[PDB]
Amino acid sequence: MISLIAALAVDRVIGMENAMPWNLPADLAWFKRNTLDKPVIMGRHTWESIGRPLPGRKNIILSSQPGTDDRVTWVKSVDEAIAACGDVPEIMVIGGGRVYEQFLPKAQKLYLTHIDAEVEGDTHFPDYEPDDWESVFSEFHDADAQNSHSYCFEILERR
């Protein structure tokens, strides 16, 4: 099964010209909880944003240009990315925009963090149809001493 995991500001904003203007360690802990010991597929801009390989996960970079880091796996097609995951119960697609757009039709599950932030977006999560998805988990949190915005965790399963 292929799953997508993303953090969405209002209007499904996922990326901006520069780093996103929030500080959400609790969302990064949720990201880690749901990706640990699973292969993760990402695009090159997300790879640069993270800075280093994500620990405890097989890091696969989908890109048309050859790779510039030996600590991860570089693939050039969606099918090569999936084959590089081997035989695993769940593949995690972690963005960004174009990578979400390519993997959404194959995905059966979405892990979404909805962030109460009004920002002008550079890239957006795909306009999925909520009629077509079933929320099986939702958990709301206010901003606090460590987290700058209110956020809601959601898991959605393809109806």
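Residue numbers count along the first chain shown, from 1. If you superpose the two forms and keep the largest set of C-alpha atoms that fall within 1.5 Å, you have the rigid core. What changes on going to the form deposited in another entry:
Annotation for residue 138: C-alpha shift under 2 angstroms between these two forms, rigid core superposed. Once the rigid core is overlaid between these two forms, residue 16 counts among the residues whose Cα shifts by 2 Å or more.
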Given for the second form:
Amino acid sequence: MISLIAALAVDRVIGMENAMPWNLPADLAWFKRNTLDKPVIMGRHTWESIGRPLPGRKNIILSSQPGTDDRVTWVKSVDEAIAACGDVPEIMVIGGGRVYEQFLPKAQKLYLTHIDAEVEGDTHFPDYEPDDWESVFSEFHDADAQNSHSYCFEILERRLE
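Can you swap the form deposited in one PDB entry for the form deposited in another entry?
Only one chain is given; partner chains and other molecules are left out.
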């Protein structure tokens, strides 16, 4: 199945990891832990930010533009992106805002990092209906030496019921 994983500031603002507070080391280790050995789907700007593939897994870029790097797989539609992952237990959609919006209908699981911080931003995570999603896990953490703000991991699963 298809999962979205995203780090969210207040009012569900999202942004690229190079900047602060998305540079919470704890979130980076959470992200690595939940995408390890799974295929990842991302949009072109996310691919541009990261600059090179995430290791040891299929990296798929969803884009209307022809590909410019042969280390990853380029596709033009959502169904092409899904089919390119093959038969696997879980597909991870890792951003950005437009890709989250396209994949949210088919997604069955969300891995959210709620970061207790203010950031100015244009792009928000999709507005998932609280009614169709069941929170099944949450884990709060205080700000500490390495992490500049408090943050809460959460996992939700679609109430297909």
